[PDB]
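With the hints as your guide, set chains A, B, L, F and Y with the ligand onto chain R.
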Amino acid sequence: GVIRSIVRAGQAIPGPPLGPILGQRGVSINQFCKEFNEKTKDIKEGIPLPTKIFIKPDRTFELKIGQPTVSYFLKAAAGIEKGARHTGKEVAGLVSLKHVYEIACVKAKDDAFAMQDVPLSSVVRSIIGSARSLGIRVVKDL
Amino acid sequence: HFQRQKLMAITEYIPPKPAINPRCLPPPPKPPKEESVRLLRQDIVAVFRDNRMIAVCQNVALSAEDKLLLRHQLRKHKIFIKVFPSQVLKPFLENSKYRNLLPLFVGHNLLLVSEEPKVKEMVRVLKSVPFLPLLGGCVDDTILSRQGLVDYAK
Amino acid sequence: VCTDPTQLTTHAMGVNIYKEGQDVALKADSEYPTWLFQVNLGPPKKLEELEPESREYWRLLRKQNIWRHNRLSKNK
Amino acid sequence: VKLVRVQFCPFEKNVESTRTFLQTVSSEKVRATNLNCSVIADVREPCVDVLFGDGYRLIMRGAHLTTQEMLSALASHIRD
Amino acid sequence: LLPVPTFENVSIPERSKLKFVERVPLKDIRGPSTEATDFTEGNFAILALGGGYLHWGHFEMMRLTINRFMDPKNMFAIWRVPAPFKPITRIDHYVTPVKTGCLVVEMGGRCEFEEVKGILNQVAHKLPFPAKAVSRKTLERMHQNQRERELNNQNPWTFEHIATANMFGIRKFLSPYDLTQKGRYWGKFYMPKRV
Amino acid sequence: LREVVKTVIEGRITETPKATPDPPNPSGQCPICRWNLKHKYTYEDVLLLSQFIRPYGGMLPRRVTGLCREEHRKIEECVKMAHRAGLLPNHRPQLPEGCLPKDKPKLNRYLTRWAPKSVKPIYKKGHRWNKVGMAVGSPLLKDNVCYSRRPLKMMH
Ligand code: FES
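Protein chains in written order, with the numbering used here: chain R, 1 to 142; chain A, 1001 to 1154; chain B, 2001 to 2076; chain L, 3001 to 3080; chain F, 4001 to 4195; chain Y, 5001 to 5156.
Everything labelled a hint here was simulated from the structure, so no lab data went into it.
Every residue gets a Cβ at the ideal spot worked out from N, C-alpha and C, and that includes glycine.
Taking beta-carbon pairs under 10 Å as the criterion, some of the chain L residues facing chain Y (in silico): (1) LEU3065; (2) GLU3069; (3) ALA3073.
So that you can see chain R by itself, here it is in the shape it has in the complex:
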């Protein structure tokens, strides 16, 4: 069973958001954190990571992780930790072309998140759309 979470690598035992939710199906919580901690060492600590854990009926762990979220990076790039109430029109940061493109080039390395499209148009739309989801406007130049 696929369970998607965005928990940060820095903390390997968030508690309710992972521990019992994975535990409810029936798993070893300690085992989950140890492998997540293994991911934490490889990756920078304190940055959210999408996970695609599959909880099979055999009570086994199939942990798959990818690049850190561009959404949080856009929030960090805009210097925003907690956004506006709505964020539909509220904006606190503007991102230019060069910053947008640089991250996209590195982004196209994971078998997950469908980062295999030859054209970069697909890549930009997700981050552009992600910025729309966040309180960020992606202006061409400022």
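The following block gives chains A, B, L, F and Y with the ligand in isolation, referenced to the frame of chain R:
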């Protein structure tokens, strides 16, 4: 009053009766056909014209993600997984280079479209999934069996 | 981390954030392929912007068709 | 059902019923349900053979049998 | 497929909600509707099929139900009738007389008829008189159906010919108003199927 | 028409009876339209009805017959009337394994719109203007040709 009621009954509207009911009507003409779907024609026309030999194999209950992975796998084989809704596939022969390949494209089946006669790469694709059945390969856009495909491929 | 607009606009600060990945400098615009900076930077392609004979045109139109059904479904 | 064998000739006249029946058997959900089954498809009139450990062998030809008849017959056998 | 309809041109007034109706202010209802028979702003409304008396509770039922369910972003509502003024002695309540074919409430905005059919029908059922939810397209179809049945009538004898010709001395047993109704209106009720 | 012989089984496609050539009205969308039989058949016309019924009295699928829905309802209603009247001795319901009839007498009925099982008795008949009506015939057969001066009394 009763007398006024009599007037109303006589004045009641009388509906005419059609000669023949719509279901039991004689065969009437129908409007000319219109191609809505037209976009999909261009995509399939390009891929089939580009690729002379097409290997037609029935599609097992595969996942969308795997198809992209298999699409990349064929890129190593120099083949492309380009597929589209099959309800527009049948009219392909109506407006395309050929009109006689309809029987080959029967049902929902994976299409391996290759422009080059790299037999080994095509055979390797067959080796990827044994349970999946390969209907055959229309080498040089000529209808042939799976066994014939290998024989001509040799 | 970088705190200079000139460095921000002349060096790829956000390309890599790990400790294993060190901030790399920006190459010239010509040093990258043309398609890199020719990507669609405008607003989402609307039905007018989309080419009627393109998959994205119908793909987004199908998305719009779902919206009306969802709008009707939401009211139920 | 330990094994299910489906054979049909696509190049020659191919019956839709047997081909459609193959799709139902070759499904991610159907295969998981009858996990014991080993799915083998023969591609080259059509003959479908299913082998059971108890020795019950059920052979179905789709030339004059629809997929529903095979599915109806198979479904009862699987329950055992 | 074909392009989906759009309501961009439609403009929603600021006063989306319905205004309050006062509790307190002879053939008013025994005749055909002469006012509010045409759609003014919205494309949907409620059409009176009978002569009834609308008390304050009915107005609140229309006002409260419409306001709670309507969407100010895409919908607006207006009042097509005056407040109750006719006393009902026990005075228990006052009512607004309505004539057959009067539009009582008109709603518009960026919405389809099907969206408002359920609420309008519920309001119509709660109304003191028989009523049917109507729209610009549906109302015209009713008239078009009304015209078609009238045009193709195969009856050799018609109400107007007998009444106007005073055959059998029928006018002795008919009221002066009946000539105008032509058999489509009886008392305070209107017969839609009378053609 | 396919029949299955039965594990190893074999299905044989057998010859099916063919419609008589030269319909009186060729090009009719439905067979009744083809044969000009729209308003000339009744429940007593078992010969026509039997062709569209299962061997045990079940209704055949409309798609196989190809007739229009209007005739489908009329034919089904006519067949229903025949069964309740005991006019189809060879299409009686199949007894599953070893069941036998209750052996009680069967009341002779005809022109039965509804099943006698689910019809309650009428205790209060009513007066002249309050008399209760007893349904006779079926509404589906109103359009049938009538040879009487006045329309038939559906309610008795
Ligand atoms: S008689 Fe022609 S469709 Fe029924």
